[PDB]
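Undergrad: Single-letter residue listing:
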Amino acid sequence: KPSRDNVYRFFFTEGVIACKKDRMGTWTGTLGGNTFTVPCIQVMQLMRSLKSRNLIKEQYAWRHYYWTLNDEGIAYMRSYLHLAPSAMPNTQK
Amino acid sequence: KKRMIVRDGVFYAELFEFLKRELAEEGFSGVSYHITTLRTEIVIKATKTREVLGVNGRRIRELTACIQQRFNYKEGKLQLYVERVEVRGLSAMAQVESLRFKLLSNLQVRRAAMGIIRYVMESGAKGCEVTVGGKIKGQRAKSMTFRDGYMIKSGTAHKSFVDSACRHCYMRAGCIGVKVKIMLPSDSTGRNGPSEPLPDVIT
Amino acid sequence: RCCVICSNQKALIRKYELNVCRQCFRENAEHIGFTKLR
Amino acid sequence: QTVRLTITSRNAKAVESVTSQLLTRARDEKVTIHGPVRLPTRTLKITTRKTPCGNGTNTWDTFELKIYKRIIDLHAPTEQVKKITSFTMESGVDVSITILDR
Amino acid sequence: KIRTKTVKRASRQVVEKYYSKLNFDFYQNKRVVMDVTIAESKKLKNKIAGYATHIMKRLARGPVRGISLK
RNA sequence: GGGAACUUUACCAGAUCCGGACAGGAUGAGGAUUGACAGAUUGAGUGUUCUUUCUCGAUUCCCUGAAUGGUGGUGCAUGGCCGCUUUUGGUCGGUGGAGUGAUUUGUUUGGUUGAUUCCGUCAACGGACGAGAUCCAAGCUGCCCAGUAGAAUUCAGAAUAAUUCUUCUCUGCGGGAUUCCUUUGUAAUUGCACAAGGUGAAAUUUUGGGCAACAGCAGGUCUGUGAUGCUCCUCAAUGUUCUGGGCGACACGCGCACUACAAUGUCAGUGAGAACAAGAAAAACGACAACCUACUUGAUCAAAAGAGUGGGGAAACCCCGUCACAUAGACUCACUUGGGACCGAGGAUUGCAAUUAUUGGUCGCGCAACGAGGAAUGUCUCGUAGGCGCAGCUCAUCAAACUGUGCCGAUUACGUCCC
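Protein chains in written order, with PDB author numbering: chain AD, 38 to 130; chain AX, 6 to 208; chain 8, 20 to 57; chain AQ, 15 to 116; chain AL, 3 to 72.
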């Protein structure tokens, strides 16, 4: 499902990603233009998927998750999108 | 306005718990905070401040845009700062991350703490206590306390001079806990003229 | 009523003033601005 | 538009460190201000048993807050209040106030 | 009712170092204390001012430890 | 923080699910797949499943390894937290001295203090903790201050609306308390102090607390927690299910802890009537108000209910019972005009569901004990016990629980070490 593409895309222009843990439909994102949502249970199933890949930097507190992508995740996330200037975080400041 | 203080309490409780997770080896000594108008900036107190800024903006902005994304502020109302904590010694919470690191580094315990004991007591601190409990020297439920200088444990006056931290070190085979108390060189911090039992007489 | 810091939905959680802090106890979770007096 | 100020903050030397000091930006200047006293103080009192466990000497905590409300009253400067409050930067956790009535 | 060595000691430094405090008045001998001494609490001075007058009054009886420059 | 139901839930009876991350691999022409109406399947209009076609758009599914999850065990592997030893006044070191040494002195006879608190004496001298003191609330008080506090007055009006203020209330920071005079007092040339008395709101750590050393306890917790070591489980799972139903709560008057009710003529039972209190709470987002409470209708006919209007984000509220009442009220030598248990009939209510949720709901059962409590046992001394009652916490619904506030308000010791 393409939902899973834009969540990927949604790291760019955002960078660090914040999700409260529920077992229920919730989403914080898709934001600059559309700002519409997706269920978290399925978000969580996507992060673990390639989280076994080094791409991502875990954090956790309380009920919230905090995802930042490692450089290897920047580069992959670029090329999976096929569009690759580089992640927003290093593009300007 | 009861619950508008509680929402900040629950808020402030969230920032502190979160940074501790992710500001480490980077000497996280705490947070101060206030806001007025469209600025949520949240200064950060820290010891090792070039890993919080980063090579290219990353760590401070990587921690910026999640707090807009956690607490939902519309993008740009946050800032961030970092404040060099003068005399790295005198802040315990900076020096538990010293212990944690040092014990991960496989050091034996007495050598580990007793150094920090000097560094803090060197830094101007008026005292210390360092206590490592855990499975050290296994099968024992053995605890150890390492003392310096001098200190006050009773009354509520201590909470002014005593700023301490209790944080776990997760070893193999079990846990090893770590606790550091320290002092404030009564001088410039607080200074309320502060340990009661010292009266002065101007002559 | 699962509550804030943990899955809990146990260690019955204070509703009082709608701060829900019991998950990781209001002892471990603090800086809320509470103090220990009396 | 006589305006109104409700300063609600806990911490030591904030509630004081604005209204006492920081109204003398208006107080001693072109504004004419009506001071009342701060409203009464509240305490928010939760008491939880100290034991994570069952066993105890049956002991309880009592944790408290203090919330400090100050009301401070005005005649009507126009656009000065926007300048009034903005004069003085110093505090934290203290409360900004936009009020109209009568 | 019994005074800690802290009350005792500091009050011996005052009488050693101030003969401004003279009258058996607790109230006069108090108002000289708090300006000159910082104990950060009132009771200390209230204790100190009480014992400081015991010392002075007793000096008139005879000598007292921490003897004056007289 | 145990007041429930299904949830929470671990336990039981079955059924669903992948949560199983990672690829290092045997069918990529109707794809191992995902989801599905009906039909049967089943407890289930639940699709798991069987048929029937399609809805399938690859992330899923098959095979290996890893794994993840958990109220799984071990609190005797463990952190942290907690209790307890421990309500007391205790503990530790440097240099010095004594001892072959373990160790000891310091840390003591004596006097005093709640106090290892003081003074004195002193092979010890100088220091660290604990005590004290800082703190927090209560009491008298200053300054500021009132349109989200409330008094004085005049002027007119019913029944013979203008003015000025801080007594009352608000609160930040301050005053006040100290052993201060007195008693030739007790004791005593010193000292440290004690008492009866004085001043004062307060008179002896003013009062009630919070804090609280050093050593320990195989004290409790792996059901608080991405807090944790093992090693059990890993897909007809000990994982998960707003998953379905049941339990955790059952009737041998079983034995035990804590609490509420109370049997009297001292409210005593009850019917009316008069007054007056205080800490405390109150609310909703990724939508276009869900919290309380006052008023008045429900009221041509019960009660609790239903419904409409009205402001409060909290200084929206103050009529609580104990008591007062002789109001000439009713009882009336009794298991009773005092138990409210057991009880079957209606009815209003919160809500997925109440088959006793619960109740100023009625009204039947009263004939169930019960009639100062056997040995034995509890905890405190002044606004105190006791009595009374009110909110809070849990809470969709429910307090004989706890947490806190206030009202009524006591006799006995101001002592000893006997237990």
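Warning: the hint list may mix true and false statements.
To be clear about the criterion: a stretch of chain AX counts as covered by chain AD if any three or more of its residues have a C-beta under 8 Å from a C-beta of chain AD, and this derived list gives those stretches [unchecked claim]: (1) 15-25; (2) 104-112.
Not everything, but these chain AD residues come out facing chain AX in the computed CB check (under 10 Å) [said to hold, decoys possible]: (3) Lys58; (4) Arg60; (5) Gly62; (6) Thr63; (7) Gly66; (8) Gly70; (9) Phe73; (10) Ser89; (11) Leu92; (12) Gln96; (13) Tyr97; (14) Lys130.
Because the hints were derived from the structure by calculation, they are not lab data.
Ideal Cβ positions, reconstructed from N, Cα and C, are used throughout, including at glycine.
Undergrad: Are the hints correct? Go through all of them and say.
TA: Consistency of the hints with the structure:
Chain AD is given as covering the segment 15-25 of chain AX, and this holds because 3 residues of the stretch bring a CB closer than 8 Å to a CB of that chain, at least three being needed. A stretch counts as covered by a chain when three or more of its residues have a beta carbon under 8 Å from one of that chain; for the segment 104-112 of chain AX and chain AD the count is 0, and the coverage is violated. A hinted interface residue such as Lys58 (chain AD) counts as satisfied when its beta carbon comes closer than 10 Å to some beta carbon of chain AX; here the least separation is about 13 Å, so the hint is violated. Interface restraint check for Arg60 (chain AD): the shortest CB-CB distance to chain AX comes to about 19 Å, outside 10 Å, so the restraint is violated.
Among the interface hints, the one on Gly62 (chain AD) is violated; its C-beta lies about 17 Å from the nearest C-beta in chain AX, farther than the 10 Å criterion. Here the hint on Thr63 (chain AD) is broken, as its CB sits about 13 Å from the closest CB of chain AX, past 10 Å. Given the 10 Å rule on beta carbons, the hint for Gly66 (chain AD) holds: about 8 Å separates it from the nearest Cβ of chain AX. The beta carbon of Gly70 (chain AD) comes no nearer than 13 Å to any beta carbon in chain AX, farther than 10 Å, and the hint placing it at the interface is violated.
With a cut of 10 Å, the hint placing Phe73 (chain AD) at the interface with chain AX is violated, because the nearest CB-to-CB distance is about 15 Å. Nearest Cβ of chain AX to the Cβ of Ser89 (chain AD): about 21 Å, over the 10 Å cut. The hint is violated. For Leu92 (chain AD), the shortest C-beta to C-beta distance to chain AX is roughly 15 Å, which exceeds 10 Å, and the interface hint is violated. A cut of 10 Å between beta carbons decides the hint on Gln96 (chain AD): the least distance to chain AX is about 5 Å, and the hint holds.
Of the supplied interface hints, the one on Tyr97 (chain AD) holds, with its beta-carbon coming within about 7 Å of a beta-carbon of chain AX, less than 10 Å. A least Cβ separation of about 4 Å between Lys130 (chain AD) and chain AX falls short of the 10 Å threshold, and the interface hint therefore holds.
Of the numbered hints given earlier, the model fails hints 2, 3, 4, 5, 6, 8, 9, 10, 11; all others are met.
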